[PDB]
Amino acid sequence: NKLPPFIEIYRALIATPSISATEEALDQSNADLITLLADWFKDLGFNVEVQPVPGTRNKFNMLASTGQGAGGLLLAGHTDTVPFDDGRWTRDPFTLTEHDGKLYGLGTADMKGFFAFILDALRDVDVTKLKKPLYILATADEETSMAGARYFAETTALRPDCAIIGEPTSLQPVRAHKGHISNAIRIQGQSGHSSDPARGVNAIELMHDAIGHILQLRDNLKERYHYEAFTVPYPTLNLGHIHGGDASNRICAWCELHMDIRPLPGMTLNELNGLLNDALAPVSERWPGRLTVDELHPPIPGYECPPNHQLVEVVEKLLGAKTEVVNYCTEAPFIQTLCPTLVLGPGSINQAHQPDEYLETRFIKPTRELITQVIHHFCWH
């Protein structure tokens, strides 16, 4: 079975909905997308394994393999997209449309195009002639939980020489980014009429005490840790949303705060959890049982690719570009547990998750070239 031309591959991927969401009604299975990729890889002569990802709403990972033995190259991407706002799109998000040197569609930039590029570059490559293995990972639920990548990293026996995750980086090689933890702090107070405030426990007052401690943690993070390579050098902590209480004339019976932290590479999740628990401890100990912490998504550590890796040397030379760091988060921390990993892909973060998302056609040739060249270097040598 011959592989369709690049634009047809791209078009079919965009046309196959794969939105992930916390809300079940918006959370679409990536079964169709995964099978489409899996059979294209099978057609090119890869061994392909599709696995259900435990704990997801019917989502799957795909790993396509050619070759056996140590090392080789892993090319990795996620299959899901974010949802779309049909108020703000002006085209069908599932219809790949070329206009004014741009290819529009949901996931054109983030990040279905990367798979089209891989397949198109492999069009004629005889995988029987490779000397080291080539692996392609397609993951579930990157945009929500990262359960696909986490599950793969937890279970796989593979240890490649190196990996590239094709997130949109404008084909600039990214070697590090911050982590991401997002929590809801929930405080249960006691109701009562405002004519006698002392008679109950006021959840806003307790949340005030808690926020004091959380802001002291924010200050300590910022005072203690700095990596000026990041445009924001410190670990960040953001108070995003707060809600509680019925009415002005009633003791506030509950209050919830949603916050996040973006730790620098090198801080462990265990460390950071300890620092948050320590921060809240004075409140939890004064008011036993009343304060709880929930995660809004599973936590993700920061990451950094080590120096002096062939991957960097080769890619920097191929692109004429030095590695950069970013403040946002990817599956790289999970993949980096397996091998040295870069984040490198076509399209721009500026279009990711946006209405009328697109990928510029100018990325087509340089992306095809990069992929051909890294396969040659890491698999054909």
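Note that the rigid core is defined as the largest set of C-alphas that superpose within 1.5 Å between two forms. Residue numbers count along the first chain shown, from 1. What changes on going to the form deposited in another entry:
Comparing the chain between the two forms, the rigid parts pivot at a hinge, and of the candidates 39, 176, 125, 21 the one placed there is 176.
Comparing forms between the two forms, one finds the smaller rigid domain rotated against the larger by 16 degrees.
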Given for the second form:
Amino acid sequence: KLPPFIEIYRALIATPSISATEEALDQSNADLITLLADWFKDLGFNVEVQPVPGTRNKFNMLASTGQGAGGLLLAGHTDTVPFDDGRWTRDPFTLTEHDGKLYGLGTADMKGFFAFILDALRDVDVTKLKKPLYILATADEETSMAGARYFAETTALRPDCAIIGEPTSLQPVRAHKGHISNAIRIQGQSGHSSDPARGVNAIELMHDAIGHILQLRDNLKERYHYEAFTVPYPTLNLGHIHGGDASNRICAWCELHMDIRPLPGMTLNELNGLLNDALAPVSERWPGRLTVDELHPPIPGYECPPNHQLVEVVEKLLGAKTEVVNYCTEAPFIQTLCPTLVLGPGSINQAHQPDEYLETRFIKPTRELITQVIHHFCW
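Let me have the form deposited in another entry next, following on from the form deposited in one PDB entry.
A single chain, with no partners or molecules, comes next.
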């Protein structure tokens, strides 16, 4: 009943699922979901399609089998980044073999993962599994991660563990930093530069705030360490500043946009705690003039405990040690449901690039890795 691997792959690549914040480029993942939904139906899984609030008509799919607690969650995203038709030298939607490489938009990131899951399940009898098996297909990972966010917020599901099939060259990944973005906003009071003391100069107040923020930057860099990261400390970046009307007017308003990248172990609440603490002497001096607002929904840090049985099994199956990575995944939201690893075929060297491909040599190892992991946590 299930087509062969390359045919499953071909149809997924041929179904456009580009995500974009730009209304013009943003395609519905409905056709991608229907493909996955009908195929998982055919294999005997129950299926739930979920509209995702505040997306342009995007959906999650959960495919479920078995009952009771625990089980394995296999998770991926159905969307791809846009393509540059100027730099692609093949049709992005045409799966093309050439020189041990399979070319197409989402070959590496990450439609291959679903083709491998279905391919691995082709002869498996879901009746005879001891523990539940879940397949999650999320919307809009490449933009808001609204799919994974809305799933982790609303789902009753509580698996024993989860693998998110992002391209890692089949290296298991157990952590990455978070990402919070803030606007620091300072209300001045206007006045003529003929008496620059008559008003409240927002730039002078922002100069004070920046002093305290750079002190926090130094404390973060000095007191929090995670040796496995290339940059082993939580980072703080001043990105943008704007304020004032003219050289000859008291600066009436000033705004600073910054980011912080918290290490896995530090929570969002403690980080907003550290930032309010740094700014406190300034907002106290000046009640009601300094506000801190979020620029973009925050992403928590993620880690999987390094001796978790998920990690030991995977490391042993692949004979590869776990890595940390310098990029954000859905793992922070899936980690609220159960211990989570990031592990998939193909490379971020092809992800989001023109003439994206997945090497065909990933085919046998990936089929075998998924088979072994389903037999380990469901049998």
